[PDB]
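Yeah, one chain of the complex is gone here, protein chain that is, but the others are all in their spots.
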Amino acid sequence: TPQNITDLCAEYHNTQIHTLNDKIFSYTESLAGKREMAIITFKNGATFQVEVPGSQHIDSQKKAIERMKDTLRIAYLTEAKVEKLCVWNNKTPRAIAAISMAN
Amino acid sequence: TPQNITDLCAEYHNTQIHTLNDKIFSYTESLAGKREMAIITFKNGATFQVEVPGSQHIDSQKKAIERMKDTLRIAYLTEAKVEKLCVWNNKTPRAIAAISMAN
Amino acid sequence: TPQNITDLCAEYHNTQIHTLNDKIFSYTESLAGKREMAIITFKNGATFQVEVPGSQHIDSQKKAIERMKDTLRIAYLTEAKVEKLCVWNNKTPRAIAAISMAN
Amino acid sequence: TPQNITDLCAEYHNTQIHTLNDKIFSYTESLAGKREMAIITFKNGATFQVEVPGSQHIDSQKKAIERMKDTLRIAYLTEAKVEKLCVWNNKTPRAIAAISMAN
Partner (left out) sequence: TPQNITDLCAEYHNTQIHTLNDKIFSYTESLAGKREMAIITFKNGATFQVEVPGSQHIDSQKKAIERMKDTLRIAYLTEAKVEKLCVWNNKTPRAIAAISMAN
């Protein structure tokens, strides 16, 4: 079991860490069929999604996907600094696997 | 997968984007049977709903409808600026498909 | 579909609109068996309930009853102005069907 | 149906009202097995629990127990004044049945 987001990210293929150390610039969410997702951006233009739940996800991830969208929304609204994102780089927009917040 | 609300909106028939760049003026929600819905307005009078769930919705959208009502309520209470709404034109009030929020 | 709380209220028998234009004065909730309910009051003493779920509710209302209690608690805690309540007047305390919030 | 917490409390055996008119001093919660519970204290030392869900509860209470723990956490974090608690006094710590909050 990892102790931080960088080591967690390294337990997966097709992932990378992005260091933001910034608040979220915009928060988008959709209830439209087959596009039940969230998208965040940063002022540097960087865009990330929480993927639509699908075949790629194991059952244990379903609650965690919902939690992540909850986390992004409240981080956005409270202007919380996002430290790092672990993302999958075989999706466009890059898909969030993990988030760290500090400072 | 789309990277922003405008492109997402364009993936659906008979939708449009409204640009508000304003906080929500009023928030209404109902538990009354067959009217389990939310209604928001802006100061210009513009009125939008989250639809009552029905057969027009696929299963994957049901959780997202609930999340959207959560989002609208907290956006209202925090006076968060709503950037755009993607809506369906064939409902009255216009039915929300997606929301974006930015400073 | 209605566009505001007043029109929604009028789609039901046994209802009335209360215009409060005030924050909630007190919030009460109970987990006691057969009394799993919330009660709110306003400054003038006027009292309203979210009813115990029961056979007078259809299945689609169960989630909306839980949402309404969520709404009333956060409205109370944030001192959000309640504009109107739509209530059923064939219950004591008057039973909330819908709420609108506006400053 | 009762109009207030005092009248509600009187509908049950083994209960009493505590009039606190104070914020919560401490909030404790546990996920440990068979001790999935919350405990609050007040500055006067008074201590209360939300009981572990069990055989003493009917199914309609399960969602209300979870809601109560949510309420106590947010009341704690926002320093909301608790007016009264209705508690079962045949338990140690005294077990919360209902809460009222007023400025």
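To keep things simple, chains are lettered A, B, C and D as they appear, and every chain counts its residues starting from 1.
The criterion applied here is as follows: a residue touches a chain if its C-beta (ideal position, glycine included) is under 8 Å from a C-beta of that chain, and two chains touch if they have at least 3 such contacts.
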Sole residue of A:4, A:19 or A:90 that reaches the chain not shown, by the stated touch rule: A:4
Sites on chain A contacted by the missing partner chain, in the whole complex: 1-5, 8, 11-12, 50, 57-58, 60-61, 63-65, 67-68, 71, 74-75, 78, 80, 83, 86, 96-102
Residues of chain D in contact with the chain not shown: 25-37, 39, 47, 49, 51-53, 66, 69, 73-74, 76-77, 91-93
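Criterion: only the chains that are shown with their structure count from here on.
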Residues of chain B whose C-beta touches two or more other chains: 74
Topology of the chain contact graph, where touching chains are joined (line, ring, star, complete, other): line
Chain-chain contacts as defined at top: A-B, B-C, C-D
